[PDB]
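Asks: Now for the letters of each chain:
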Amino acid sequence: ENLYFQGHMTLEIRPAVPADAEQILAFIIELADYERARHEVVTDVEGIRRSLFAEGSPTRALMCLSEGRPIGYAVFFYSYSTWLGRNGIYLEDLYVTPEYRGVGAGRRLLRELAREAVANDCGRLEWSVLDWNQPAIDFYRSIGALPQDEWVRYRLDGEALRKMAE
Amino acid sequence: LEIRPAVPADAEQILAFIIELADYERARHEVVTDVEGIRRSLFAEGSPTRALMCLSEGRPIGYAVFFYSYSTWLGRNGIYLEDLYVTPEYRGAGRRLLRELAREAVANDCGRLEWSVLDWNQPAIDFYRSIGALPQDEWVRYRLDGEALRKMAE
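Same order as they appear, the protein sequences are chains B and A.
At position 79 of the first sequence (counting the first as 1) the number is 71 in the authors' numbering, and the numbers step up by one without a gap.
Using the authors' numbering, the letters of the second sequence map in sequence onto residues 3 to 93, 96 to 158.
The set of hints was computed from the structure by calculation and includes no laboratory data.
Where hints are given, some of them may not hold.
[Stated by the list, open to error] Using 25 angstroms as the maximum straight-line C-alpha spacing, the simulated SDA-like pairs for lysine to any residue come out as follows: (1) A:155 with B:94; (2) A:155 with A:32; (3) B:155 with A:118.
Isolated chain B (complex conformation):
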């Protein structure tokens, strides 16, 4: 004998502010750790605070909270399609703490980005997922998102980038 029932909490989504930096970094680390890349986080709180909230930063961040109490975040920026001749939005990070993965916070963050895209005349909302991350893939497939698997992303960074400039 036991009993299951629905609980209801009011959740909040708001734009992030400079004071959110320490929490945002905390969540960035948690996400990177889930993505098996903890060691790749090389920034610090002031690095995040300054770059994310610079005047004319291309990047925007949202916080998700419960009587908050932050429970998740998203970081995104505008992209462009030359084929559509329209801006798009690219979602870089999306994360909800494990404890709160059932309440629909992740989905609503993604929905609000979609609303922003449509409201701003954008052709596409896009993001990336690790090929081994089947739970996330299942979710993205379920909402009608489609893989762009003909494309491979290439990167210049570190010394190779410096040499290309020099």
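Could you slot chain A onto chain B? The hints should help.
Replies: What follows is chain A alone, placed relative to chain B:
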């Protein structure tokens, strides 16, 4: 050869090149915009997107289109290169366009310069390999557009 920022007057030439590139990428039919649409978006007041023109002796020979990304791991902006193209009769202009983008990346405190390539496009892959670029092939890009995007918003 000359590399310069694109201006609204370049829109016609940019679109012609966009179509040339799309055609090579086996996607000519995906270009659904006109010059007007390019003007209104690419050259909108407050536009997040930039373009570079490559010219040889006053003649436009190629272009790039790019925007700023962000790495939460690095705590740094990056640049994402959407389009890079040099017309056949002039194919080292492409390398020159990339150099300018890299210089822009370095001056603007960017950690990464990135772009995408079709897996069948071996000439592009060969070129990118030759400049020290590395494939980020653990990731798959996902997209919502059209009805799926509209329905998600609602």
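Asks: For each hint, tell me whether it holds in the structure or not.
Replies: Against the structure, the hints come out as follows:
1. Restraint check for residue 155 of chain A and residue 94 of chain B: the C-alpha separation of about 22 angstroms stays at or below 25 angstroms, so the hint holds.
2. A threshold of 25 angstroms between alpha carbons decides the hint, and for residue 155 of chain A with residue 32 of chain A the separation of about 22 angstroms falls inside it, so the pair holds.
3. Restraint check for residue 155 of chain B and residue 118 of chain A: satisfied, since their Cα atoms lie roughly 15 angstroms apart, inside the 25 angstroms limit.
No hint from the list above goes unmet by this structure.
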